[PDB]
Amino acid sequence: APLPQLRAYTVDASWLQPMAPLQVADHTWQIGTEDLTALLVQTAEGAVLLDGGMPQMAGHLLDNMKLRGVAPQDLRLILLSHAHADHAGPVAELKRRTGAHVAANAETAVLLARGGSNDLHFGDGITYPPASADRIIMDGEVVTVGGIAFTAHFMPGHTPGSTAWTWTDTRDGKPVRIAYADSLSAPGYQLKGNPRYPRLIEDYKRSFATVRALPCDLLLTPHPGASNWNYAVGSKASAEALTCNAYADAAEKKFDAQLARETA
């Protein structure tokens, strides 16, 4: 009986279903797949990418950038929600092909640098090509590109380095406060007495409160279904989207129920 073969990270088909750019605000565009968010922000001094999706999405992202008039060398910065394979997947290839820099907090930087391996909960089950962060970000630090200011808000739990990003765009010149909040799920995590993450419960509980207080007129999430976006229906995509409060409340109720189940 030989040792088992390695298994690939397979995902639902809708995560891999390309879509054309969908405008979110004057400078902000969804350019990922129907079920994975990847936000392009276009400024007068270059573009910013927030998340990339799965590793095989690199070519799709570059195609959608080209549709927006963004050449590979116009991509200045890549920001991340968290460094799991389904959001940071293509970062290594994008850096090689664009010359962009990556900015991340220390926790995200170290997980990105090992390609998602030795994950606190998944081990080596979900890996991707490693990448190096070029700028280390602190909680509340402001990153500016072309006059648009992105503020980082640390929200540990789903990963130690999970981060929300806020910025103000316009909608026909009128200001709109966008919040790109990270996942608050704990998929199959051991929550209580986890030797690799002893303070996991306390971090999640603080993070629910962080998300509740974000300045936000429009909430988006790395998995669009988590904030009730439907990228497939085009102009009506944001009709049913949740507020920050409703997203945090829904996430905390699932968390408390999962914690009670684990206890029992």
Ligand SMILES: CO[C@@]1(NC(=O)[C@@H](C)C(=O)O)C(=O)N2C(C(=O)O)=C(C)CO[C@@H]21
Second form
Protein chains: 4
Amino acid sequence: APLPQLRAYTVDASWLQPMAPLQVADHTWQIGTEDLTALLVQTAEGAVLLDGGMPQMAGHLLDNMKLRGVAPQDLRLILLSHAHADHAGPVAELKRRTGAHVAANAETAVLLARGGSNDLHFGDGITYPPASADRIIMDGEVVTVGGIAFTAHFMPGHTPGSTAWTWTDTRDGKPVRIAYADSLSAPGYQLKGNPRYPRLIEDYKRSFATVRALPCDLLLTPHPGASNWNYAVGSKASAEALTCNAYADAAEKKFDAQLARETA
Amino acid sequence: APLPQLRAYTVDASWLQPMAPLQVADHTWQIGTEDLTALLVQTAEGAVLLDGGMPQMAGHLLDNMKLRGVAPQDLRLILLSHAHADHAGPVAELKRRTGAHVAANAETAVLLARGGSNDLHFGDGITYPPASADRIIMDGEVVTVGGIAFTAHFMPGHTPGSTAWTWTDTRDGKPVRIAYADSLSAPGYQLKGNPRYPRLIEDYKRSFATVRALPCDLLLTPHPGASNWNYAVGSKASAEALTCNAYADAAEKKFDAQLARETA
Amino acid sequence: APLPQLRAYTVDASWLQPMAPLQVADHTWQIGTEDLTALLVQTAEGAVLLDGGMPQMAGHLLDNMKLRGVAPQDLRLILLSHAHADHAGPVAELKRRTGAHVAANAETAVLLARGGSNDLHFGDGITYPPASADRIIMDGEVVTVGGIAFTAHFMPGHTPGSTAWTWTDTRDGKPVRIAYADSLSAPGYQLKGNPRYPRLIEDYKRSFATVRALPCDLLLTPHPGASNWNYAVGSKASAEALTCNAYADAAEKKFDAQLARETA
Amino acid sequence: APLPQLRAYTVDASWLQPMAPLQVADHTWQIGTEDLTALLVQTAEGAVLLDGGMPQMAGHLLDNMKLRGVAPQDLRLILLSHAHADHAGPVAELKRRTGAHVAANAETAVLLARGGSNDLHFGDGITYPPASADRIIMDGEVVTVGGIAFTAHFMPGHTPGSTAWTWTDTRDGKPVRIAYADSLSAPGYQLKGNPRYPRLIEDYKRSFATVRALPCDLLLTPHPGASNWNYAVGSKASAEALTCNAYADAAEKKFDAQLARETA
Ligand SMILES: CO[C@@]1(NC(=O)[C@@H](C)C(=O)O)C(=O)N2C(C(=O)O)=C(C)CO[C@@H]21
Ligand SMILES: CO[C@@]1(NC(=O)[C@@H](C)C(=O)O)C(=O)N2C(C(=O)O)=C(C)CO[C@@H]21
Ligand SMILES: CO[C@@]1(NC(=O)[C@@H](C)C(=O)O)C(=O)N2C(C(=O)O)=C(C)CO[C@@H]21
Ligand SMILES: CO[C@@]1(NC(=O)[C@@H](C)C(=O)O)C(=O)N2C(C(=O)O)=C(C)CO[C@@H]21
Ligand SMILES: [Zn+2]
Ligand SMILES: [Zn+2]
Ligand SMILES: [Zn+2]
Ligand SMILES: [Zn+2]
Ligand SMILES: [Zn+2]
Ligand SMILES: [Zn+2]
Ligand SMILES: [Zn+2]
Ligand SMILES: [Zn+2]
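Output the form deposited with the named molecule bound next; the form deposited without the named molecule has already been displayed.
What follows is the entire complex, opening with the chain shown before.
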């Protein structure tokens, strides 16, 4: 009766379905897969990547960047929603091959520094190659790259270092306010009385309020289905998208229903 | 006209005035200096150290531990109020010579991991030897060592990872509630509109409320004068001590007066 | 045509076949599996663990330590042959649950710090949870725990930080010289002209000489079959064991034959 | 009788005497001070910095880079001779302000990661702000930036991670072979029987041989006086420079004389 074999982190095939760059605004592009968001922001002094997807998407991300005429040495900064394997996967590899820097909060940095191991909820089930954060950022801090300002809004819950990012792009000269909000889901989390996360419910609730007040004309999420995006239909991909008010309100209903039946 | 020489971190002589162990409760001992708190908690399965003082206090701390009959290999865990050079100084050296582990929150851990460099307010002026946190702890988490439970209460302000520690000791069988609260001071901090700490005032204000609600019969602070302790007078050292309500209220008045004249 | 799924590191079932502690000398015990070595050395002031095996062996190792009456807080130090997933697997978990310290050379430490990712030969195929080395040790340095002295002998090759450990135990008062030598194999390695390891052949050759001159009356290896141990047969497990001279000489023949046909 | 105050690392004033860029070859420039070498190599795809000097030279280095028309975001890579405070001082600050990457061997990386603390010979006397290495390089590995190839040659001694760097520049179309060799000095080191560095003498001796065989038409050292450079006299600065054979031979004589009188 030998000990069990290691099991790999296997996801849906749509999460790994490569797609060509889809334009969101004048400078923002979706370069991930059909069901996993990876945002590229092209500026005058370099490019910014927000999330990367699964660990095996590093090559694909570099291909799409090459399609936009962004050389590896042109990727200046990597930003994260939260340091889980399905969003921060290729960060370590992308750092070795692009010469980019990684800005994250303290909670995301320590999790990224241990490759997602010892997760508060998942343990060691979803390990990815570890990467080191180069710059610790605080709640409400401003990151500027080539004239575009990225504001961090801490929204703890899914992970302690969950972050929503907001910046103002243009839609052919028309200023658009874009908010990239993190996941508000608690898949399988023990919500009440979790010894690894005592103030979990208080963090989630305040985070629901933080997403509602985001300056946002167009919302995006690490999973496009969470904000009702559909990357397949190209031009019509943002048609049935959700506001921030709808996003936080629908996520809270699921949280409360889950919180209620957890007591049963 | 050469570039200026490096300058060392020099403190008051009372901060480095060694003192014999002073008993606080049945298991809690003060083993630091006259004006710098270093708390030793002796249990059945090992000892816990809360803060260490200046970097040059490592030898003195080990001497006082030897006086209490605590061998180096008996120090099991090191806890921190905040990872500044005058409180977390000897941590790196104490880890090499005691085989102890260090529990800290994410914000304190990243600061401890870079030896206090790149401080949000002090820059590189107060560098100390870096040490690595072994266990990341969350707000309200419980650390237990030999039957004594240590609860963490996040109180950001002085540093982003400022933590107050509470535990229940005895005073000859009589249960006493001890709270070791961090500094609530902002010495020279730019409070309003600090780009390195945008939500600084909101963190301080909520932290004033957090210290008021601490379960506490006897309060201690990293600087004994802040809670009106006087380690010199031995038995009478806790006579004119302050409550948590008085501590947070007096610190807030100074904060507001400082906040008010900062606008001038 | 989606991107391929992650694959887990799967090994032979004998590598994960738990076994009861098998005594090697008066203080040295084998507490790993049938085909994976994990050595426990019990002293007067604590215990030392050499290697741990696969990542999923942490619980089993703690059980065997409990069988020898070694509490988790009695494990003082963890030593490594090399920081590959099949030998340094449970180190990160064993540190969280035993309060132990990890001594390794610089090369092993950086590899352990990135969880075996970005391997010089294996890439990211064999990732394990990352752990941090607490004490950097040099070639020929002495580690002492409870009167037993452990000498490190650098033997680069399999990994840049490969280390053989030697110490003198007793066999009922009779002093025995034990050498725990690392693997001398290069499974699938590109030997000549490897850009990630330019001086690879020079390191291997000098390492063959280093193992020959080890003070050794009884040799052990991370894979028991490499030194012709057979952990199943209990008392007869060390019968057909190899000397250090035979071990290094047989490994060199395979290296040269592999080096010769690599040119073809 | 209080404990002593911390003391700062104070050097000679010539070590901090800023100087304008002095041209060494078509692409190599000296941008440090009069008695501390900091080499800038300008290529088609970016710039490379070799060493930085004292920690307070970060601003000066960026000024000289601005004089050569090298923006901060144009510094792609930082290379180190050894991670002591007087050569690797501004690395941490230069990483935050240039978006550059740091390549170092394992031994230099761990020392750089702890800010030079716990030195094998100096203890905590010469602490500098810690920085993290982004890419671990092996002995003889090739680093290429914009068509210029940098070869690492490990030469342990002064520190375990001491590295000499060689590359081929031009002197108006004429190919020149430049070797930047590390210090071969052991100032105050205990050479024979040092428990922190057991094989110290063997490392130094083999390192004397490694510097002799360096492909070198023009040698430079972290301290210009060690190779008989004189940065003050501008055009005549490389007049009385030493070969590699002379450099290693003169350093060995001092080592042996020091080794001989250490036995007395
Ligand atoms: C770690 O990755 C996730 N979880 C899993 O893949 C497994 C472990 C599972 O929960 O079944 C996780 O969190 N995600 C999110 C998210 O909203 O972030 C959603 C929607 C669910 O999928 C990924
Ligand atoms: C970094 O150490 C401190 N600051 C200094 O020593 C210098 C830099 C200074 O501010 O003049 C700091 O913070 N302390 C506290 C505290 O309450 O924590 C008090 C009361 C003031 O002294 C120390
Ligand atoms: C990373 O673990 C090893 N390699 C593998 O499991 C796969 C990747 C494989 O090479 O097929 C590795 O090295 N080992 C050794 C050793 O001597 O250390 C031997 C004998 C072969 O197995 C393990
Ligand atoms: C750590 O910096 C050094 N040492 C000191 O500054 C003090 C501590 C001292 O030894 O008196 C050190 O090593 N250097 C070298 C070198 O060759 O690298 C030389 C020539 C001497 O100066 C610097
Ligand atoms: Zn997730
Ligand atoms: Zn997800
Ligand atoms: Zn402080
Ligand atoms: Zn203080
Ligand atoms: Zn291996
Ligand atoms: Zn193996
Ligand atoms: Zn030096
Ligand atoms: Zn020097």
